[PDB]
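Next up is one chain by itself, shown in structure tokens, the form deposited without this ligand.
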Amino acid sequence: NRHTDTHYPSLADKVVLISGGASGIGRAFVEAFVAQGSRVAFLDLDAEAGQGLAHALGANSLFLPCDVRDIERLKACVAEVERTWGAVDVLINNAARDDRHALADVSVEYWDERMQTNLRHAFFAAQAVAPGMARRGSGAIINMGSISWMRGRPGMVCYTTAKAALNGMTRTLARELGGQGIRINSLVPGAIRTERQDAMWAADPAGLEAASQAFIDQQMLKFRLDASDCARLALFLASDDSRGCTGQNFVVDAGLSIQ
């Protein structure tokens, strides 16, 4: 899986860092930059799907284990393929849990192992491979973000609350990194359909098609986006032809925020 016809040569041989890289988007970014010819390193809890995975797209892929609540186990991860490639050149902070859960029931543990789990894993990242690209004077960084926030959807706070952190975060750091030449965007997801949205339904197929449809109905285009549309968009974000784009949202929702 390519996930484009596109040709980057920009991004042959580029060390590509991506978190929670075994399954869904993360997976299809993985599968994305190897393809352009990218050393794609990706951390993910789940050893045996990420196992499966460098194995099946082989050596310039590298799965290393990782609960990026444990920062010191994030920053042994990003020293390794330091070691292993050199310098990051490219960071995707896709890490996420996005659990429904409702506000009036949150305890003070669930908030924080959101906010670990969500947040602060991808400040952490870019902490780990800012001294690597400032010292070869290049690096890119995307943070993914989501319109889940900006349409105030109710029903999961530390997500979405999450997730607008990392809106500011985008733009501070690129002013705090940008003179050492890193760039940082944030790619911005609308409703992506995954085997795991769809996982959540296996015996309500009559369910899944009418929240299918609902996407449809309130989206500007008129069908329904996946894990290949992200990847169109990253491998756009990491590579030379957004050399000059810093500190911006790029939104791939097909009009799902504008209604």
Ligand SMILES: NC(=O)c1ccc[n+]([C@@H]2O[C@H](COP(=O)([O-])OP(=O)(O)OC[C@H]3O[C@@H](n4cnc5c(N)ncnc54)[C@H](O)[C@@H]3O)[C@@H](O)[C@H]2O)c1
Given for the second form:
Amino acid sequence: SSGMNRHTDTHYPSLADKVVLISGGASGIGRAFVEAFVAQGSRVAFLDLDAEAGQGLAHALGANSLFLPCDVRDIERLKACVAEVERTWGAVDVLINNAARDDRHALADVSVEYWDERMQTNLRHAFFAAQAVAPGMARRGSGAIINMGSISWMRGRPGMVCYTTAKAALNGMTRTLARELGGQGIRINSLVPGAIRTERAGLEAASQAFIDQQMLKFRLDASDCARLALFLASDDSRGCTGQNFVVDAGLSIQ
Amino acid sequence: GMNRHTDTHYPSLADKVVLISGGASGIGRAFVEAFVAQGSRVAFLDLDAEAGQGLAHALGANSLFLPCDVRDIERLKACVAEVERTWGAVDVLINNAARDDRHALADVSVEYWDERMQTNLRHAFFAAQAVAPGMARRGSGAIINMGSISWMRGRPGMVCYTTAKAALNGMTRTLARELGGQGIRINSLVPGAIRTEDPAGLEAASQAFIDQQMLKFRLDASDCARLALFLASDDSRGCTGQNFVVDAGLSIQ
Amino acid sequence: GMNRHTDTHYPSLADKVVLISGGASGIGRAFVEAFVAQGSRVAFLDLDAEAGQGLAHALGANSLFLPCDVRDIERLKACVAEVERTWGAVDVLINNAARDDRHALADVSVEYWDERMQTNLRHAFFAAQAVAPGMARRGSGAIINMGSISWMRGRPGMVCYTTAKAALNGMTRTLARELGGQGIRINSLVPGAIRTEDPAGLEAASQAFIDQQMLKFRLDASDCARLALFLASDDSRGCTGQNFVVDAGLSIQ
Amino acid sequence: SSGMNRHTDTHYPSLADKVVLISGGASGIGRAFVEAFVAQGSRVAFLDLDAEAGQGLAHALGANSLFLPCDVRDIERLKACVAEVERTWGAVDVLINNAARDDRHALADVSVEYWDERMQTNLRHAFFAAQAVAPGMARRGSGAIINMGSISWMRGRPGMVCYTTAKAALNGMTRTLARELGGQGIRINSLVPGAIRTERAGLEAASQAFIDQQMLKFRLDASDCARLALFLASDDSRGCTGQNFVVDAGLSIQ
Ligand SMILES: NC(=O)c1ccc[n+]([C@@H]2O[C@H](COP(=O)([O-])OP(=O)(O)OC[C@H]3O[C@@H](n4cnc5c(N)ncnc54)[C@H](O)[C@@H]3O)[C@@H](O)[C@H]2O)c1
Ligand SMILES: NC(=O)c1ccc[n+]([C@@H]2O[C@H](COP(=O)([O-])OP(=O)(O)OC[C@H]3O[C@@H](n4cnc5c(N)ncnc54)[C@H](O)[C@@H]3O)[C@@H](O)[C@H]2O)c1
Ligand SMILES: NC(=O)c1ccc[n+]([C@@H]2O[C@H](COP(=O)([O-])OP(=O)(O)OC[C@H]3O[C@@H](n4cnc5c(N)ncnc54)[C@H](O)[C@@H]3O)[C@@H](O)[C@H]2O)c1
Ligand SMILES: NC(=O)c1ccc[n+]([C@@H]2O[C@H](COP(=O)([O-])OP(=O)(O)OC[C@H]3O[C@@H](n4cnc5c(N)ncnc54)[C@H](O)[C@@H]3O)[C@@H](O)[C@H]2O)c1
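Would you generate the structure of this protein in the form solved in complex with this ligand, following the form deposited without this ligand above?
Following is the full complex, with the preceding chain placed first.
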């Protein structure tokens, strides 16, 4: 559907028919991944807690898009959602650990219950999702995992300690997983966005603030993220593992 | 009788109130002994009661052992409040308690992951949260997060421990910014392969670390403690947000 | 007959003007061939005239070989100006020319150091300086600095080469900021141990890199070229100031 | 002399009588090193192109301070200055590569002659000085090298490409030298300052700008640098090599 963003004009033959799985795929950046992979002719499954948003997107993208309802805090349902994907299409080729929650919170405000919840939606699934797809990949001898990272912890960003600390956690989980699974043919990297404009006056000011702080004087959008994801998924990046790829218009270096 | 760990003397450490988690054994013990030798008032937390009691008794009246399982945040909070009740606001927090037991990626259950994160990461946040208001009232404080080179070197077979350690690398930066306007500096102390209490199997493993290191000698707990004293003292007053790596070059191979 | 290096097709590369130093052989050749396959106009510089001539002849009318010894800044400037005269402003500069010959710390003279810095670092600055005004007039441009993991891994026995490579790591960041307001993005492409044209001695060394890598296969020039195409294309339009490391995990050990 | 800053109250017995060599020692940060080591009772030699500044400082600090005139661009004189130090006191214990020139310069303005000169005063000496002191150290089985680094290249600071690129060069030269010389007992690290107030209206504003950007809301001065240098020199840091130690009040993380 010409209504839905293709995100790039580039064509990656190596993505055709690969099985892709994206968590938090129904909105924002996750939606752009879902769109971009479908446009390259992958078989794309995504998970999201918003069922009516997920259903609309699968309906718009057609039969090579699959929407599986899932709350990533429930590891049981996450492993079930994985098993379903592997049942329908085979072993996953490309896992994108994207689901996350970046609501702001002062350090003094944080209760034990909040911290545990935030760690569960922000960090713990990426581990269990990678744990779930790994053996299928290993059986085949190949696959790719992308962990969505953030420059927020790199820039020491205050006021959201559970989210920045999870993002920092994934930076390290990428390296060690890379080592643990590389012998099996599985490459793992972190895609690290800067300030991506989405849909999640004073808005104009905040937007100009980013442009003033960035090296490249235009705003980043979800397309910039998906363009990096397609490269990281494709055979073009087959020797890259353990690494961060930062798409942030220079905002992390100031 | 006690390991003093350095002949250096830091006048700025005299009388400072120092709180260390997992202080009864290993690295944490070395911190406890080193800061006591500098004249600090040192409170430490540990779930090993017998080890903690013995150590406090051996070090005397400027050591205080509080029993605490760091997974229990309420007890952690209570231990902090009691330190502040006895000696006033903490000057120096060292988030040290950790469990680095090996575990294969394939075998980790939800429950293991939650517990390993709670032992290895969660408490460092809550301990910081507990000491911050007392620090801010006084206008000064230092926090030291014990880090690890293991995640930097992509070390396999202990994903919960390395991921926690990588978590604290980020938590250092962001809390440094969030609290530094209150006068609180926060850094991570990042050791390499520290020797701590098949003879050939041990000897061989120890030789392998020497062979891979740039400096050809084994590191021990004293190396750690000497870095911590500097990171606590007024000599590092302007350092915040940073890692300081004591690893004989093991991380650069 | 030619290595195309990828089956990927980047429409944004069609007709772009690409300048590569040390393009006649090895990695630089792979760049030359890969961008020509995408429909770009590719100019390359090299001191090996016979290799450059043959390559331009083999690739045809959208390849231009300019003889150039990159230590000679005046010639470097002249080659840039001639590219701009034939095809207009450069779209994509790849600072590639380097010499990585081994040399012991103890034995390096002033003259060796100066020459090794001139071959390995200086030209990348001047080449950037030469292409920047033409980029700025058009409002867009990309620069790629070929980096190395060797300094990151503290590799001994070639101090001039590793120090140059570490120099470009910093030069990437600062030129990214200085030129990005003009629309010019700058990144470093950082390969691991790339196979390029005692059999047991070679086989063993190659096996050692496989053993230390995370992915168990040897990297080649094509791996490099496929990253460069992405870093040149509109797919990386928002990436600047950054390293992109293609090393099969060799740098994380 | 009570007139001269001691920089710390800390006492390091392991520094007593060690031989220290500092390039660009007569002014600013280099002067603070010279003062701090003398106060710990080291034998301190420094090099500087400003003879009358160097003479004044050696006169003020007394007989365990030695001032050797030197233009660090002249590698010959630098190796001679080293040989003199080793002749008078033995092998150097602690080398601090501090001399540098941070005049601003637009990228378009830079001529070949400028670039080569700047690289010579900013980078090339640190290599040759480390080359000169190394064999004496190796003979003894011990020593320490500190390379003065800068957060400027880390923060992608524009308008001084020769200086930031040299600083970036030394970041890498620290790692590789660490490996090359570690078997000999020589440890090498980079001391990396933030915005240090020195003596090198609108000044007040610029100063407030740093405080606003820093995490810790006070200015850094030369003492902060020397306090780190003494630790890096002493036996207290005997297991630390190959590393950066950044003293910048959080300015690099923003
Ligand atoms: N916005 C940016 O500038 C930016 C920058 C850096 C990193 N990122 C990262 O990009 C990724 C995508 O972020 P986004 O901005 O599109 O977020 P978003 O919240 O706009 O959309 C993410 C999706 O995740 C879903 N989701 C949230 N909780 C979930 C749960 N428990 N189970 C299942 N689905 C759940 C949301 O409903 C939504 O569908 C995240 O990893 C985030 O950290 C974003
Ligand atoms: N040993 C090394 O090579 C090494 C290397 C890198 C980093 N580190 C870091 O050093 C720090 C100290 O480590 P160590 O090697 O001495 O560890 P250790 O396991 O020997 O000792 C840690 C201490 O914590 C206590 N402890 C553990 N769990 C606890 C809990 N739930 N409640 C209370 N106390 C608890 C233990 O009883 C022990 O006294 C840790 O943060 C570790 O991450 C150690
Ligand atoms: N080979 C690897 O494993 C590897 C690893 C990391 C980084 N790199 C980087 O890859 C880039 C390409 O390297 P390579 O391995 O193909 O090197 P190479 O030495 O095989 O080829 C470099 C090319 O530059 C040309 N050249 C050298 N000096 C020149 C000069 N003064 N004037 C003009 N041309 C000159 C050569 O003639 C050759 O064609 C270099 O920047 C190197 O730093 C290579
Ligand atoms: N100022 C800061 O905020 C800051 C920040 C980061 C790094 N640094 C670094 O700190 C170190 C000291 O800098 P500073 O600010 O005190 O500089 P300064 O210029 O104030 O004093 C440095 C000394 O070096 C001398 N010198 C310069 N050229 C020389 C030459 N060719 N031969 C011999 N001596 C020479 C100067 O005359 C002076 O005596 C340098 O390595 C600099 O990069 C400074």
